[PDB]
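With one protein chain withheld, the remaining protein chains of the complex are depicted in position.
Read from first to last, the chains carry the letters A and B; within each, the first residue is number 1.
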Amino acid sequence: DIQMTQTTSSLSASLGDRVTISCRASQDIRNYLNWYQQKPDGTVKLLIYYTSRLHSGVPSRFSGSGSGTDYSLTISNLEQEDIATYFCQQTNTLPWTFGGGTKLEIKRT
Amino acid sequence: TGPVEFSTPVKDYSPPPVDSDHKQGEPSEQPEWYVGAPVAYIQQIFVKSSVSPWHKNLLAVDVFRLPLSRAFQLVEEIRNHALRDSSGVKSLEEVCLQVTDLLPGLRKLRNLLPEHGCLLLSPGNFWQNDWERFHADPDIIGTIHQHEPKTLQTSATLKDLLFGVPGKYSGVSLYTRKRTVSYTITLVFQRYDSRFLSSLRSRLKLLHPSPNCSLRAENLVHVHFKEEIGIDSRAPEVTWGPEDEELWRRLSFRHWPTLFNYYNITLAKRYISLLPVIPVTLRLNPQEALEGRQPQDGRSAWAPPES
Partner (left out) sequence: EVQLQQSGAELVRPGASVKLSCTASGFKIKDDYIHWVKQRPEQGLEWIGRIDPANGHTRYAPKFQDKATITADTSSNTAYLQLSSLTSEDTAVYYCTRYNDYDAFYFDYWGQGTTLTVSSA
């Protein structure tokens, strides 16, 4: 199989600040990466497919980039509604695999 | 007499039954020739390009070389395309039409039309799908127009068959108008697979996205052939509109019969189905052509008739 790795499990952030989330593939997946958002209530939503194609209705804040085995998801400016968990999924070899997921927070103190 | 047509939606398509009904219903809207499965499903991949920062150092040869260089890679991608999560067919080999031999007496057309495999047509057939031969060819225009008749003929020319495009969209005249030669990769299918065709279209769209493209892609078109008895620069941007689909209507009326008679396949009693076109857009740059500049640059062994 292909192992998708998200190095950071949690990622503190602040409103307005740009946030980048990156995950590494075990082998070349040929720009077949999907990014998903999971609200704390449990709803899951597609943000970006292929590598940078924005899904219909997704705000312009989200953007993706990467090639080969390294990819990243960026948010232009963080809103309160953007606090959720994000997963990357590869669709190159048929047994689709997901990453561990990164959870966003708010800066304190 | 002439090619009659009949169009059906792509949403839910299935070939009509051959002999389930002895007599068709009286108020039936279908034509009486729309009975059996088609001879072939013609899928056309319309490839348009644009050299965006056009400048004066481009020549007529580059107008052909720049888009046709991508043709070989595009053909290889189409041929090797496989549906990664298929439930039915996977590869082009399982569905496309197989041709064995050309007719005897077409020794001149051998090695210019495909044989012993899939019936896939493209401008690369001039150089036999060999990018090395294409790169080593001293006169691309000369090779393309080598087999052009000096007078109008009923049968479609080899260049017309390979490009799959009306003559006004090609030819060295586009250099003056600062446009770029647009060709078509012609896929001939023996069987229709909606899922494979959708995967191919989406793969091509992902590889070469086409901006400002809103093609309907809503209906198939079936064509029936009756019997014949005699007894400062501002480079034009790639535009996709209502005239880009149904471009096969502007081809010669003997195009498809000419193509299919070469392989001893007859269309006298039967019909063919023309799938909606798959748009492919290429973004080219003048630096590629400038770095690929070759000797024997502005001289070609082909002079179009200008009187």
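Please note the rule applied: contacts are C-beta pairs under 8 Å (C-beta built on N, C-alpha and C of every residue); 3 or more make two chains touch, one makes a residue touch a chain.
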Options B:79, B:84 or B:178, residue touching the unrepresented chain: B:84
Residue numbers in chain A that touch the chain omitted from display: 32, 34, 36, 42-46, 49-50, 53, 55, 87, 89, 91, 94-101
Touching residues on chain B - with respect to the absent chain: 83-85, 87-88, 195, 198-199, 202-203, 206
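Heads up, the rule we're going with is that only the chains that are shown with their structure count from here on.
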Chain centre separation in whole Å, for chain B relative to chain A (CA means): 40
Sites on chain B touched by chain A in the complex: 84-85, 206
Residue ranges of chain A touching chain B (in the complex, touch as defined): 50, 53, 91-94
